[PDB]
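Novice: Chain by chain, the residues:
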Amino acid sequence: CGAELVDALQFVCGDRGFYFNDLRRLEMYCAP
Amino acid sequence: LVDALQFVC
Amino acid sequence: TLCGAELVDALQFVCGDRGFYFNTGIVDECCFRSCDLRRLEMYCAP
Amino acid sequence: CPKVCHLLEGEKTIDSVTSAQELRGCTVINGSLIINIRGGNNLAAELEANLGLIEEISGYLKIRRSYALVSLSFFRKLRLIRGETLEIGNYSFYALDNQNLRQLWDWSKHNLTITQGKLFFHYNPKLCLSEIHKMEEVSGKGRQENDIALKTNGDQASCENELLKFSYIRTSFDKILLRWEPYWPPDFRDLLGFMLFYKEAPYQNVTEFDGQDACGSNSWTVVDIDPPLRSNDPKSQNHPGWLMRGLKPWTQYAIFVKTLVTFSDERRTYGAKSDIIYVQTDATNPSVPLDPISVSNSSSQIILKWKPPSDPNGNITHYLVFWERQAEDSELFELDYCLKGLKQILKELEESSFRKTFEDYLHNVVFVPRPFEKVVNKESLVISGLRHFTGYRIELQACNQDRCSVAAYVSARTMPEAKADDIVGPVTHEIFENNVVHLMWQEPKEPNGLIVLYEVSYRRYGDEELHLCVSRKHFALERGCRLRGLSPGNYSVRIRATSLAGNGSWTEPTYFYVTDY
Amino acid sequence: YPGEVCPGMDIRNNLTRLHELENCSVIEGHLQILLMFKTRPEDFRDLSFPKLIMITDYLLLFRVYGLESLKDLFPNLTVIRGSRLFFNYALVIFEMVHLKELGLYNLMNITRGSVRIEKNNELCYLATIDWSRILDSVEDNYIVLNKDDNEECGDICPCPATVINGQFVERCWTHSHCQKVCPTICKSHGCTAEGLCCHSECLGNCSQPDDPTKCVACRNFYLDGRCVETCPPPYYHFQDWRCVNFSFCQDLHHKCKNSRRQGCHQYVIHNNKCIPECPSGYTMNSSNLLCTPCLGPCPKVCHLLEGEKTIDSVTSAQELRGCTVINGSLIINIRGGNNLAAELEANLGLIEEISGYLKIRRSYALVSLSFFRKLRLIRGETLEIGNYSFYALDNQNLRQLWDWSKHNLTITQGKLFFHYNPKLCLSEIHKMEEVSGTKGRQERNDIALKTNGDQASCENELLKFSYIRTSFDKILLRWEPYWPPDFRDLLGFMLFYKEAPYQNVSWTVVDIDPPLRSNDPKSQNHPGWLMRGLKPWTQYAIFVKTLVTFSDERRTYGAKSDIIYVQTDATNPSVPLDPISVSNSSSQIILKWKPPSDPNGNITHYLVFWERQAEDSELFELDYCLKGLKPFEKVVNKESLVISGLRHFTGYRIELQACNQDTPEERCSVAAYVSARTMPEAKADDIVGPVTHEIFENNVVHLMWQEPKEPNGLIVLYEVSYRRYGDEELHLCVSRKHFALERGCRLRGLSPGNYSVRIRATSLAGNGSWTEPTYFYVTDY
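Line order of the protein sequences matches chains B, U, L, Z and Y. Going letter by letter, the first sequence gives residues 1 to 32 in the working numbering. Going letter by letter, the second sequence gives residues 1001 to 1009 in the working numbering. Going letter by letter, the third sequence gives residues 2001 to 2046 in the working numbering. Going letter by letter, the fourth sequence gives residues 3001 to 3517 in the working numbering. Going letter by letter, the fifth sequence gives residues 4001 to 4781 in the working numbering.
So here's chain B without its partners, still in its complex pose:
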């Protein structure tokens, strides 16, 4: 959570784990 959120977003977001400028809540939260 909050950093394991980062790990999970590395999982989910595929190969584009860019960060900080639910499933989908992280989806338009990570994609370049």
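Treat the hints with care, as some may be off.
Unchecked claim - Here are a few chain Z residues that sit away from chain Y, every Cβ distance over 12 angstroms (derived from the structure): (1) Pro3125; (2) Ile3148; (3) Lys3175; (4) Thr3207; (5) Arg3245; (6) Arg3325; (7) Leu3349; (8) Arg3387; (9) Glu3464; (10) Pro3488.
What the hints assert, rightly or not - Result set (BS3-like, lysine-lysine): computed pairs, CA atoms no more than 30 angstroms apart in a straight line: (11) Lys3347(Z) to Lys4147(Y); (12) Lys3340(Z) to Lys4627(Y); (13) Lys3419(Z) to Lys3151(Z); (14) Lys3012(Z) to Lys4147(Y); (15) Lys3347(Z) to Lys4630(Y); (16) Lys4051(Y) to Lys3126(Z); (17) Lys4464(Y) to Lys4374(Y); (18) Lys3419(Z) to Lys3445(Z); (19) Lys4450(Y) to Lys3012(Z); (20) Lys3077(Z) to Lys3141(Z); (21) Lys4147(Y) to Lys3356(Z); (22) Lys3340(Z) to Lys4630(Y); (23) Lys4634(Y) to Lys4535(Y); (24) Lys4071(Y) to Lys4214(Y); (25) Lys4522(Y) to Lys4498(Y); (26) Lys4450(Y) to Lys4439(Y); (27) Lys4634(Y) to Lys3126(Z); (28) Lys3235(Z) to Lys4119(Y); (29) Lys4545(Y) to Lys3126(Z); (30) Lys4119(Y) to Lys4214(Y); (31) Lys3343(Z) to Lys3419(Z); (32) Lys4560(Y) to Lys4474(Y); (33) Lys3273(Z) to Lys3151(Z); (34) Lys4406(Y) to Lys4214(Y); (35) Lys3151(Z) to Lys4431(Y); (36) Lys3356(Z) to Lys4119(Y); (37) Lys3356(Z) to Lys4464(Y); (38) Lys3347(Z) to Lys4309(Y); (39) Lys3356(Z) to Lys4100(Y); (40) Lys4535(Y) to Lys4498(Y).
These aren't lab readings, by the way, just hints derived from the structure by calculation. C-beta: ideal position from N, C-alpha, C; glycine also.
We have chain B; now place chains U, L, Z and Y onto it with these hints.
Specialist: Structure of chains U, L, Z and Y alone, referenced to chain B:
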């Protein structure tokens, strides 16, 4: 059931 | 077929810059059952 | 297992788990059944555990006022009802007021035949019409007159639904990513959200209602998901989904998604559910090996036993073991032991309906028209090639792919050989004129661990026997042992060796004389 | 009000039409500003209407792009009267895309209606508004789906803070303006800048205090720059806010009478009012335009177009105000749970007949149909599909239809329909059947016998508990036998019990079989029940309830009993909690505990005992010079005790009890024992006097010193220190056994010369004082 029998009686 | 914010968005798209008319309703015609662009135009001002 | 067990009067009511206990083991019931389960905990599981083995029933079956029942699956083995007694109107199967019955029997697989009596389902507010129609299919035209109040059976239930298809399934050792195609009712505002259910299911015999009670004890895990951000065309919108977390590796899971909508009299819609999908998480590192035990069946062979990690995280194969030597930590080659001293949902539905109502009203108003070993499938291993007394260390470690576990340690030491301590030959001695006698004995080159001292014993002719300690340092320094100040007379001397493990054999007696002055 | 009165406006598309409000000071109607899509903030930046102070009906904003706040559009808006509402709302802010804060920093009163601010995705400064100082009924508001509910609105408040729902937070409209709170004395009529109350006839802001001609918004009625509670005789009330002369009302009537192109009202005079129509029972005159009583019955018939009207809000109800006969059909379809019973009574109270049918569908909030205060006859000239004149499809909270004891309602034609009414008891429906005169025909869907009233207690008869018996863990109950008119209809009783810490009460349902039948009812056996596992001296709430078959032929309703509070019998309490004792002094100790975890009744007192304990026997026999060896009291209402008059450094034992009763056969808890040692005293172990010595010829010196009379527990050993003249110092340990054996200490092998010796004592607590120096000599050989 000793108290139960007391209640019965 | 057109309900909620979609209804007003479609109305703005169709009327464009003609505006909306000034003076059973629209949702019984375009949300409760389907409506064509023929009906959607009547709500735009001349 | 009783097969012809009877009941008093041919009828019996069941209220709690205690009443149903009378039929435990009775494969065939020679008496009519009435079920009246209303409350409790783990009622479905208990009820199955007590009556699940029933196969045939003599008499007629009734279900009344069964608030607590959600499925009739606890008649797991029920196959036949003869229906001799029937009912008023000659009925065999009978159900009323089951305010929570949902399933009846899982009719995709289960089979049930009744010889006498028709079917009777009324006032079941949550029983879909598919289940009763399936009842009619295989209940046997020749027996039913249908006697179904089509307005009362499942009037609160969704009789017709669509099927959500998953469009993207991706797995980790502990989490699962699910995406499914979007479903939009004709009025998209009716979709309140999605409901996702999941449970660990090592077997594919999982239904939607197994192990469920009206009071609770649900076997599934409930997750609520908000509806997607609706956008024009599939080119712009994204599939709704969820990120399962907190799972266990190498574990099969049963998942299915259900759609939550607001009931409306106009434009009636019910939603969709997804078929049960079985997804297995990936395999990870296999915990840690359990309980190593070591004993040696020979001075050079040691036998090790252990146990597979409690959490295998995958079928376990290719066990890995190392051995290493553990020499003495010094301080023993210098110790002199001869010295002294040393040794409510309705509110939500209403409130959504209120938002929709105000929006519709506003729209209507405004818009106007115009070394190592590899162990395989054994929990034991015997080692070899170790010294007679040297201790060794073994770290065994469980593995999975050839991805393997952490580690585990265990120590051992082999039993010695007394021959390694034994001395050979007599004591070679020299005699000097100053009453000094020097004694030699064979040094064990390879003792059991280490020789700590030598026991030298000599006795004068006709007198007692004296003893002396010769440490390893003393043996290295004096090169043997010199007896000084001995009384005049004849002596016989024997020498024994002492090691870490024990003692060797005594040397042969040696005779010497001490001069008298 | 220094400005013109405008007749209420709709403004769409272009902002050019916004200029018709330029001179306006009161809007006599609604103000709608909506559907401006091409607008930008550069257009609204220089647009202001400071002269508007009052809106009579309501204000609606809907999709006006490019508007960021209203703090410039309506700087001085004060009162929204709310005579006519927009779906029971007097201020609607809906889907304003670019709005940031409201900014109506002069708004003081919304006299009627609620507020709805919804779907404003960039709107903040909402939680910083105390709506209780504007609307009297804030429970009917609807402020959702905004930026406040999504992210963390940055409400940087600039402003008397206020407490709402137990939270103290600041109040502000914008970042530069905040709410104008007024003293509680200045209630509902505003206050000056400095807090002085205004006149009771003024509303909102005012110029000078206590002045009837120096306020902006004017309570009650306004006339010639003054507020009047009632208009003077020459004038008549108009639009519930202003007084107009006869010329005004007559001119309005004449203007309306010349044409009917769109539709207006033939404004008419009544008892000091200028109303649109003559009320029921009156007819219009010819010349002076005054309502006069009729020569006979004059109902106010309200003809509904389309043949039927759905009532879902206060606006729909207001459309029927004053009508006595409805020439159509009414559907009551109120959603949202807002409890509009008051407005429904106000507007639909005078309805007397309904020509068609009456239908109540999905009325979640509705409690009872009593708001039809004068509904006397549902004629049923137009029936709902299925030949129904009364219809009830889904009423979650309907618990009553009318008060049939003093209400009379007849139905000329049609049947009745009742379905899915969980809280509507069947007895009420059957009474409606009897009263309405439907007997003679039949209702095919009269009642869904199990979907009506199955969430409400429909029992009517009363039953009495025969007797009650109490015990420390068990309670026995018996009650009178209930007997329905048909014996076979009985299905037993249900008993409920729950913990009752209060007297104004989750329940555990207990099913009981029907009582045993007997040939003689006088010989019938009374049913009863017994209970187990009850906490002692604890109160619970009990009752019983029957169950009978809902045979429509007899429609028996069962019975119910009362609710009673019964307390269990007290028993022995548990052990006292945290028993500790600390010797606060050498002769004082303090005992502290807490009440037992299970009082098992009212705690009365505590029993405390203490006594002296002898010291260990091993202390009198072990050698320590070797290496490696060394009356009662009852406490009431207190959880601490102090005991004085003790001996220092003496082992003591303290016993503490907890008793829940004193007089009737004392009932105390288990025995708790604690042992402690008091603090010592320094002077206890001190030695007195010097050391007496003797000298022998063999260089042996005997030393004798006084043992302490009252040591701290016991003296264990002594330390002897001696030093030769000009030499170092030597120490020696003398045990108690050695001291008793040698009657002191003997030094042997001392070197010749002069010596000085001092001796110190050692006790169980510490070391005492040293002895006086003693000199002795050792002979030289």
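Novice: So, for every hint listed, does it hold in this structure?
Specialist: Here is what the structure says about each hint:
no.	hint	result
1	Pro3125	violated, 8 angstroms
2	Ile3148	holds, 16 angstroms
3	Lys3175	holds, 27 angstroms
4	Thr3207	holds, 28 angstroms
5	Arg3245	holds, 24 angstroms
6	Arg3325	holds, 42 angstroms
7	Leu3349	violated, 9 angstroms
8	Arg3387	holds, 43 angstroms
9	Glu3464	holds, 37 angstroms
10	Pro3488	holds, 42 angstroms
11	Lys3347(Z) to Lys4147(Y)	holds, 23 angstroms
12	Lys3340(Z) to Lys4627(Y)	holds, 21 angstroms
13	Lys3419(Z) to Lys3151(Z)	violated, 98 angstroms
14	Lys3012(Z) to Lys4147(Y)	violated, 63 angstroms
15	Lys3347(Z) to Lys4630(Y)	violated, 77 angstroms
16	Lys4051(Y) to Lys3126(Z)	violated, 62 angstroms
17	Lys4464(Y) to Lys4374(Y)	violated, 40 angstroms
18	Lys3419(Z) to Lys3445(Z)	holds, 12 angstroms
19	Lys4450(Y) to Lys3012(Z)	holds, 26 angstroms
20	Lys3077(Z) to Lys3141(Z)	holds, 25 angstroms
21	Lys4147(Y) to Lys3356(Z)	holds, 20 angstroms
22	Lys3340(Z) to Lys4630(Y)	holds, 29 angstroms
23	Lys4634(Y) to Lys4535(Y)	holds, 27 angstroms
24	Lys4071(Y) to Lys4214(Y)	holds, 24 angstroms
25	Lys4522(Y) to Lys4498(Y)	violated, 33 angstroms
26	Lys4450(Y) to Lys4439(Y)	holds, 22 angstroms
27	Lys4634(Y) to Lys3126(Z)	violated, 66 angstroms
28	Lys3235(Z) to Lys4119(Y)	holds, 26 angstroms
29	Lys4545(Y) to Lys3126(Z)	holds, 27 angstroms
30	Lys4119(Y) to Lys4214(Y)	violated, 39 angstroms
31	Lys3343(Z) to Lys3419(Z)	holds, 22 angstroms
32	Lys4560(Y) to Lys4474(Y)	holds, 23 angstroms
33	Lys3273(Z) to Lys3151(Z)	holds, 24 angstroms
34	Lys4406(Y) to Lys4214(Y)	violated, 51 angstroms
35	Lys3151(Z) to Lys4431(Y)	holds, 26 angstroms
36	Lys3356(Z) to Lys4119(Y)	holds, 12 angstroms
37	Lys3356(Z) to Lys4464(Y)	violated, 50 angstroms
38	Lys3347(Z) to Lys4309(Y)	holds, 26 angstroms
39	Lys3356(Z) to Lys4100(Y)	holds, 25 angstroms
40	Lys4535(Y) to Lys4498(Y)	holds, 12 angstroms
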